[PDB]
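2 protein chains.
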Amino acid sequence: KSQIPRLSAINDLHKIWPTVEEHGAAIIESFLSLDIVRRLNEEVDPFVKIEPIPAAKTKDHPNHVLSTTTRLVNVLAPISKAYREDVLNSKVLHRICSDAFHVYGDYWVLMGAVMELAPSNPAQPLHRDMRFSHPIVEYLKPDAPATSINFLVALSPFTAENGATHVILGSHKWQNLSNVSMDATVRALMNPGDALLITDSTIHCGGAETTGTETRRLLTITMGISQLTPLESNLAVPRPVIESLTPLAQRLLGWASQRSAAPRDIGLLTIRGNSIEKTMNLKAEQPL
Amino acid sequence: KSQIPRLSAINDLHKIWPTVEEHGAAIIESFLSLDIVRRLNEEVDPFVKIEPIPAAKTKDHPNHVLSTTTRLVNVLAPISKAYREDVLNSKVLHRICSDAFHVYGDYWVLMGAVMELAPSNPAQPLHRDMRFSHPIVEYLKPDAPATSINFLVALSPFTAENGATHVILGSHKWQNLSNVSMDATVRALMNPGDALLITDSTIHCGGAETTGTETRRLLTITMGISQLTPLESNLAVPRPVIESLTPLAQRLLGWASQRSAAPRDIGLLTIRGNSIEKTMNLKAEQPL
Ligand SMILES: CN1C(=O)c2ccccc2NC(=O)[C@@H]1Cc1ccccc1
Ligand SMILES: CN1C(=O)c2ccccc2NC(=O)[C@@H]1Cc1ccccc1
Ligand SMILES: O=C(O)CCC(=O)C(=O)O
Ligand SMILES: O=C(O)CCC(=O)C(=O)O
Ligand code: NI
Ligand code: NI
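Heads up: the sequence lines are chains A and B, in that order. Heads up, the first sequence is in the UniProt record's numbering, so the first residue is 116 and it goes up one at a time. Heads up, the second sequence is in the UniProt record's numbering, so the first residue is 116 and it goes up one at a time.
Isolated chain A, as found in the complex:
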């Protein structure tokens, strides 16, 4: 059966979104450089090691869906310099997102998370994202343009044996989900820095870790229209960190007003006709 289309981030930039819209998935080879992956991993390392189980009883908002052998750490801007600078300002990410969301308007990060799966982590059930946070998305018309997309960036090797992601190609256009079976999937085999890009309608799942030794890690970046509420908050991020970012990165983290694509757009998160950034006199690119 047909494999997931593979595209260069360097040469095939304009082909990436059209490919995903047609097939429901694409692999962006070298989405992040090996340098950025190294720094990213180094910076988040301790935070994933201290992370408790998804549904730990200490948590206000426990995640009862993810397996107990999953560690997910979000709100990465205060943790990681590589994330807040390099990936939040990724030229490739921003071309794809503007390609994807131009019908709606501004987009932002719904969640940037590092996921690490312990050895022998079981396969996830096949699913579409967004159904445990945004019930609204299920009420969208079948042909409505995708309101969110997910970059699953490999931070270690994705192999068949260590639980590389499964996708069902074309499943983003499925209405009837009775064809849903692991029999219909193909794998996202990836080197560190490659990204699997899917939509909120692409049926997919984490793979079974079968070696019993390897630890698979990924950076999942759910980008979505600014009209939908993020899964994570950057409200508690220190102001010196926010003010070190570019204006674009600030907007992505909810530290700016937003705009819809409506011809006479009246805006989102505004303050009596003025933006957040003006009202709070928020500075940008102030180094730490």
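Heads up, a few of these hints could be off.
Said to hold, decoys possible - When the alpha-carbon atoms are kept at most 27 Å apart in a straight line, the in silico DSSO-like pairs for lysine-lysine are as follows:
no., chain 1, residue 1, chain 2, residue 2
1, B, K256, B, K130
2, B, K164, B, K196
3, A, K196, A, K398
4, A, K116, A, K393
5, A, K288, A, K130
6, B, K398, A, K172
7, A, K174, A, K288
8, A, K256, B, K288
9, A, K398, A, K206
10, B, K196, A, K393
11, B, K288, B, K164
12, A, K398, B, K174
13, B, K393, B, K206
14, B, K393, A, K172
15, B, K393, A, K196
16, A, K164, B, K393
17, B, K174, A, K393
18, A, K256, A, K130
19, B, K130, B, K288
20, A, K398, B, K172
21, A, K256, B, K256
22, B, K288, A, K174
23, A, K393, B, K164
24, A, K393, B, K172
25, A, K174, B, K398
26, A, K288, B, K256
Stated by the list, open to error - Residues from chain A that keep clear of chain B, each with C-beta distances beyond 10 Å, as calculated:
no., residue
27, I125
28, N126
29, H138
30, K174
31, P177
32, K256
33, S296
34, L304
35, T325
36, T328
37, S341
38, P355
39, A376
40, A377
None of these hints come from the bench; they were simulated from the model. Every residue, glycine too, gets a C-beta built ideally from N, C-alpha and C.
Let chain A serve as the given structure and place chain B with the ligands on it in line with the hints.
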């Protein structure tokens, strides 16, 4: 033709949402007491007088849709004690909203605004709300439960001659909008404190001010599911003001995490499995 159903806030509380869902509109008599209206008006008075035209060239996010004889002031929590305490904690408002949005989950304020229309303000064109800020809503299925509702609270008398709101009853279920005509409307005649409640699909418009002397004022409260981004931001509201509010009011203004109605909800605006309010140790009901 059939007039807008009128309901008591005291006796008919459970009938209000069912009435709106059937007819697209209802008048809630004495939604706010005359005392609350007085305090509200007194507190916002100067802020509406200093408010420039909707599309003033000083503005970052000008509103090019509203007439030049309209003054709209939003982000009312820092301006008005009556708003932040009395209306944000309105028992009637919260019963109606939980009735309306239970399929989706938590709801919050998309915009709380005082609108004041100058004498001889023209009638607005018939419209549905949300189309200049949330293009996503037009892509919802026809029978999807309303994702936002609008309380248009009279802060002065609404009469036929001074531009009382027009609605088309049943128009919230319309797909074909060729029957749209001022011929099909009825008026929301209201005393101060009464509220016209409509959905995001109800076709309506501000009326023509024909006396040339009267100034009509209203408080419009767009309540919507927490999965949709507010039109206004409370990010710049002083922390002592936020900490004076109830936990419920804090959530309504985006100063708390939110929950969807999904059985294993994973939450909105969370921080590594914990809420905003915990992470920032946000206090509540600390008087000023
Ligand atoms: C539940 N869930 C997450 O927690 C998650 C994690 C990372 C990025 C996106 C994301 N969004 C989701 O909707 C998923 C869906 C899911 C996960 C496992 C098993 C079944 C369904
Ligand atoms: C544009 N517009 C607002 O500005 C507005 C004002 C108050 C509360 C809600 C609200 N939302 C809206 O979508 C309206 C829609 C509109 C207004 C006038 C003429 C045509 C359409
Ligand atoms: O583990 C993976 O590769 C996919 C994870 C995923 O799809 C999810 O958690 O939503
Ligand atoms: O003026 C009114 O009564 C209605 C105003 C309105 O519908 C709007 O501005 O969206
Ligand atoms: Ni997933
Ligand atoms: Ni309106």
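Now for the hints, and whether the structure bears them out:
1. B/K256 <-> B/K130: With Cα atoms ~25 Å apart, B/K256 and B/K130 stay inside 27 Å; holds.
2. B/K164 <-> B/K196: Measuring from Cα to Cα gives roughly 18 Å; hence the hint holds.
3. A/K196 <-> A/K398: 18 Å, holds
4. A/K116 <-> A/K393: 53 Å, violated
5. A/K288 <-> A/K130: It holds: about 19 Å lies between the C-alpha atoms, which stays within 27 Å.
6. B/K398 <-> A/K172: 22 Å, holds
7. A/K174 <-> A/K288: Violated, because 36 Å separates the two Cα atoms, which is more than 27 Å.
8. A/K256 <-> B/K288: 16 Å, holds
9. A/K398 <-> A/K206: 22 Å, holds
10. B/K196 <-> A/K393: OK: B/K196 and A/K393 at ~25 Å, within 27 Å.
11. B/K288 <-> B/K164: Given pair B/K288, B/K164 is violated - Cα atoms ~38 Å apart, limit 27 Å.
12. A/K398 <-> B/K174: The given pair, whose Cα atoms are some 19 Å apart, holds under the 27 Å limit.
13. B/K393 <-> B/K206: 25 Å, holds
14. B/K393 <-> A/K172: 14 Å, holds
15. B/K393 <-> A/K196: The hint holds at about 25 Å.
16. A/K164 <-> B/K393: Holds, at roughly 22 Å.
17. B/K174 <-> A/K393: 10 Å, holds
18. A/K256 <-> A/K130: 25 Å, holds
19. B/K130 <-> B/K288: 19 Å, holds
20. A/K398 <-> B/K172: 22 Å, holds
21. A/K256 <-> B/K256: 5 Å, holds
22. B/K288 <-> A/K174: 42 Å, violated
23. A/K393 <-> B/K164: 22 Å, holds
24. A/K393 <-> B/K172: 14 Å, holds
25. A/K174 <-> B/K398: Holds, at roughly 19 Å.
26. A/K288 <-> B/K256: 16 Å, holds
27. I125: 33 Å, holds
28. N126: 33 Å, holds
29. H138: 22 Å, holds
30. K174: Given that some Cβ of chain B is not farther than 10 Å from that of A/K174, nearest at about 4 Å, it is violated.
31. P177: For A/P177, whose nearest Cβ neighbour in chain B is about 6 Å away, the distance does not exceed 10 Å, so it is violated.
32. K256: Violated: least Cβ distance 5 Å, not greater than 10 Å.
33. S296: Given that every Cβ of chain B is farther than 10 Å from that of A/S296, nearest at about 23 Å, it holds.
34. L304: 28 Å, holds
35. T325: Non-interface label on A/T325 holds, nearest chain B Cβ at 27 Å vs cutoff 10 Å.
36. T328: 27 Å, holds
37. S341: The assertion about A/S341 is violated, with a minimum of 6 Å to chain B.
38. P355: Correct as stated: the minimum Cβ-Cβ distance to chain B is 16 Å, above 10 Å.
39. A376: Check fails; 6 Å does not lie beyond 10 Å.
40. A377: It is violated; A/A377 is separated from chain B by about 5 Å at its closest Cβ, not greater than 10 Å.
Consistency note: the structure conflicts with the earlier hints numbered 4, 7, 11, 22, 30, 31, 32, 37, 39, 40.
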